[PDB]
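Novice: My request is simple: use the sequences and hints to build the entire structure.
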Amino acid sequence: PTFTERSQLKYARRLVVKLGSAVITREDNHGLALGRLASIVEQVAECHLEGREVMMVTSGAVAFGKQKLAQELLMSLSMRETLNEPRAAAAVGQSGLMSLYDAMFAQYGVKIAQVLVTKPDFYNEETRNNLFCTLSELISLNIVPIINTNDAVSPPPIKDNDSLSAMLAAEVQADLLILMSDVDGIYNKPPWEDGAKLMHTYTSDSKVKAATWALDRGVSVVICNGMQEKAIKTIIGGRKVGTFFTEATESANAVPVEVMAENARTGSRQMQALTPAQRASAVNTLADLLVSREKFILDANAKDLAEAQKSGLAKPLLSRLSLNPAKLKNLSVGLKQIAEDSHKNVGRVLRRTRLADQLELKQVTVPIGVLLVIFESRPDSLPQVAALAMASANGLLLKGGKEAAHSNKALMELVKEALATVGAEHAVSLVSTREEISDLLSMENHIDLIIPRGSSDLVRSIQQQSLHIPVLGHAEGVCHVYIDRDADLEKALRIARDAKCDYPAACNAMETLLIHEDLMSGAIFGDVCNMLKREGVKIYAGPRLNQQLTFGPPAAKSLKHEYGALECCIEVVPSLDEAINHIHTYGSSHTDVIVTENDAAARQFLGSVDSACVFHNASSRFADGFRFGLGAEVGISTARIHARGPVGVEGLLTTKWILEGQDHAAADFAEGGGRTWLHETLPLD
Amino acid sequence: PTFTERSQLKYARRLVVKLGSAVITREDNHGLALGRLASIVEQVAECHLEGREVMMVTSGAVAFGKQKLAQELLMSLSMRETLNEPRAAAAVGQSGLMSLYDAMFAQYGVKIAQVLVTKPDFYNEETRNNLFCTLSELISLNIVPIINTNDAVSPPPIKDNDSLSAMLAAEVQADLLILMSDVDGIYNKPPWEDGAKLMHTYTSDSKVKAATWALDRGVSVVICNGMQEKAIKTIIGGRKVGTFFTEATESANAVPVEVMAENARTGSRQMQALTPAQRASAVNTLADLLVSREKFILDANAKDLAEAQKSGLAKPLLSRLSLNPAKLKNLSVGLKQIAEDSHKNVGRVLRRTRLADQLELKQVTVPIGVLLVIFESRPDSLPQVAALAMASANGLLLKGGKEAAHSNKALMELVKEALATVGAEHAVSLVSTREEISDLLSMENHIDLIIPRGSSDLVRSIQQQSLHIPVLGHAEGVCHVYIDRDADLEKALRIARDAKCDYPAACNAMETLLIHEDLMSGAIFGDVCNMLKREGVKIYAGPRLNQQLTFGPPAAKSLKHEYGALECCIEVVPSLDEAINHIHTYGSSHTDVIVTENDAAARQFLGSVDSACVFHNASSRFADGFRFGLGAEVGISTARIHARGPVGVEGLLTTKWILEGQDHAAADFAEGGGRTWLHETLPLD
Amino acid sequence: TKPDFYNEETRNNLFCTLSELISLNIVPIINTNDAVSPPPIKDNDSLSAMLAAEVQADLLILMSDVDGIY
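Residue numbers (the numbering used here), protein chains in the order written: chain A, 1 to 685; chain L, 1 to 685; chain G, 1 to 70.
These are calculated hints, taken from the structure and not from any lab test. Beta carbons are placed, not taken as given, at the ideal position from N, Cα and C, and that holds for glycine. Hints are not guaranteed to be accurate.
[What the hints assert, rightly or not] Derived contacts from chain A toward chain G, CB cut-off under 8 Å, selection only: (1) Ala88; (2) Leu131; (3) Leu298.
Specialist: This is how it looks when you write it as structure tokens:
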């Protein structure tokens, strides 16, 4: 079986389609699946005019024949009686079906040739070889030999069209093999069972038996879904459809998906009972080991970035690939601060209240569970997020990028060691090297939270891709600035300086500007535009300014665009309320800032604006959590739930209600029992 | 235009398909869209063998003709030169295409008849009438007259195949009209613009001009997507595809969708500045008005439930339709408690911390925004959830069921009045009466949170349906009970009593049981089974018990089933840890309870179990929030984020970071400026 | 094929099949499976004779090249 991977399909030369009887007929048994049939034939004529070697093996003649025979038998009775067989249908259907195929194909210039066979024809070797050389000749002549079994005179380990197709594919020595059947694939139990798990690849029934048999002779077998649209062009498209069949890539190559997740769940439950300074000691040891074997990891990083450099794929990426013992020291000290602050994050009380005699309760913090972080290779965060997990005592699934994968593996074994030290388990599992983002993205019930961290491309591709799963992270940092008629100019000057000039590539970086039109005449417009020129900032403009000015800067494509570089649209309005309108109209509710000296307008703004965060005489670059004294954050959430913007450690917990009644019961508290409600909010511990 | 609604399509008799040239050819311009063509023809033969009156109007002859002509022109040159027109292609394609259609149709018994026309043929009235009677005759004879324009000798408000189709449909006086075109529908601007809004129904360009023209003569026009699979059988299926065209159902009938949402957003922002006892006074007035006009609402409820009773659709539903001044008093007093407790839920500080000189911040509570509650008609919650909203000061979208819709309208006008009293706006909007759950379910960026409250059918249908939107509510209440070898029996007896017997129909009701096998020999098994018989409880069993006992109760279908009635699987294991395993294996992490007298095992359980809530010597029916002294809850969340189980008012807020710096800036705090981090946690206000 | 006449069961299946077809007002255009198994049946002619016998038909027409016999 030369081919082994669903990219290698691009290069199959000789392939053998095989349609099932379910494909041809409908459920009404009143015709054909003409749409499906002609679709298959169009795909085959395409993939053959390409140059490939293709030879269908049909089926379902008897169904068509039965339709025809029934109609005739109706049409041949006495009108009196109207007022109250394998071989026959076989032959009739064979004729009509060949005619139909022939018209359809000749619509594409190609030519066909019926070839009927029987079972004993395989037992005579000479017959077998005559058939073989015949088929090879036909194919060599650019012909599409539509094979079938001579059921018309001799109905039938060849016991079907399927085993037939297998034996053929072997003898013909073809590349591929497609059993376009009724069902869509394979599971470890019927759909009306437990374990509806698709066998997108198959390691190592009648269908499956033939699959085994043939696959043991050099062919590469597939099984698709007959009713699955654009089947063949997509299988050749390489995309994972149906149950591909190849040999094993066992855990020596990769644990498939889940065992990692469940191992992580288990170890999370383990460390759940390992609170008091256990994980603190763990992160202490981890920072130590980070500063103790950096030479190894420095050299791994150096070599891996040097390897990636020959590709030269992305200057931002290749620059983030920088790693030096300065960053190592920064990571170590941040992790030390994590160890410090992470003392009593978990298992902490929130409420203390009694309802009845000896009937108290509380609502206690608790890890979230299985976390899947995803990020372009910025390996500096790997130990960061690992420390976050092991402080929060929740498991963590890891999947970065192919870049720096070796350095990532180094960091991974580092942290795995440091955790196995105390924790009794590597309650963490990395996986990389072609981890089919969409697939595990679709998998549910084990993962909890998607944490994209790489860059805006990642978060976008996720949001558009992610479906039915808690995600995090913003989509784009379309910040907004407003300056009031009650604001000194140089303030706004240095403010816009720190705003745009500081790091235009940031996510939380400003990309717009809004000014009270009243003060437009105060030369401040010119001041700021000239300052932007001092920084060489591309300036766009909007309808209000274009109306206002004569020559002016160029226009703007769309108010809801982001640049990431020295480009910032600028608009101007009269009304603070109008500012509210515009912001809410375009802004991502991500960030905002007010520069003014009156609080009345300022506080009205603040109370009215619905950003993720608002400010006063400050900088959008303040949005880093670490700047908030929040400790090591994990990301920036614009989602309307559970967390806003700076997401520290607490954004990685939930609560759990616990109660200890004596013998209490619900109906007991009703008037039928001497039980009351107290709701005395006991002072939390 | 007799037909007006996408259910009425079931009854079209005479319809006129019309394919566009994009449908027939591919992009390679190297053949036909044989799959698409045969699919269309299969659909037409189906919908015609049904009995309908159908007559296609094709196009794209010239493309096919161009393919043929090019091939010929190649095949007719000197081999030397190979080493370095409307009408022609028109006629050739016409011939070949008619042949193809004919073979395809004759595959289904029907018969066709080419009919070519020209433009001037419509200007001669006699010609027009001859054509008309001819067509009527053909149709009457069960023939499928594939019309087309005589472009072969005379190429061309008839200026296309489209206007042609319109004029025909008018003259023929047909029911429907389908312009299966390239694009999928209509928006108020091109897709590469702003306003990609589908025109699923159209109120009141060349295509659109013809649509207007024809629709003004009694026909019902549609526009589908040529490449859209199973087009016609689905349009006839009635389902909303493409831009249906009918007359207006203006706001006098219904505001479409969004204006409600935006009105609500606005009014929410209004009431956002109306905190101090304003909304408290509002709910006071609302409870008053609830107790002041109940006679009106009692009679509306009575009449509406009497109307629904003639249907007799669901005893649980019809029983929940009960409404009486006792429930009215209960609602009023609960709303009074809401008024009481809802004082300072919103706009409250959470943190108080300074980072640098005059650089402080805080993180303040804030409404969530647009809430969409969905529920089978249990109108008792309408004022409940309304009070929740108006206490939380967040807007609310309402959509219940068709049942009690009039009583719901009564409650709606009640609360709308009470809100307009003070609040300056009806910051709330109901919508019911066929509100296309899936549609607004798909709409984003305005709604925030889906709150299903009706019953488990609703929450299920939602979860399976809901996509990319914050939802709430559990899926099923698969609770679990464990009794330990260190637990007195009668305790567990009364516990299981209150557990199952109290209300087996509850969501938070137990449906399983687990017991330490050690104590199985203590007759407690018999005690509880006999007690269940005293309550007539259907008893199932599992593998461990089936092994253990000889005759025993019947088995269980699936451990992950729910009953809602007197049915409860029962299993038995030795290990508390095994209990953990089984629970985590099947449980919805929804609820659990431990009855025992030793805390060591108990506390190990508690710390280890990952339910949404856990207990000790208590009842699963305790899970109501109101029982928790939590005040009026809204639902029960099993989602792993932001809220667990009992979701009070606080589960309807978020936070917002605010800052007031003096002139501070990010780069200012770097070593290049004399700024430091303080992170002094000021005592919160 | 040729061997199909040597198996009696095959012969009788073929026979009842043909009778059924004819009874159904169908025109069974017979031929020999020369496509996989080229060949007193040694032609289409002896074939036609054996058939006409087995089918028990009235007439038999061998429309051949020449016009007759001398």
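Novice: Could you run down the list of hints and mark each one as holding or not?
Specialist: The hints, checked one at a time:
1. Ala88: holds, 5 Å
2. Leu131: Where the cut-off is 8 Å and the nearest Cβ of chain G is about 6 Å from A/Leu131, the hint holds.
3. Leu298: It is violated, given that the least Cβ distance between A/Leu298 and chain G is near 71 Å, above 8 Å.
This entry does not satisfy hint 3, going by the numbered hints stated previously; all others are met.
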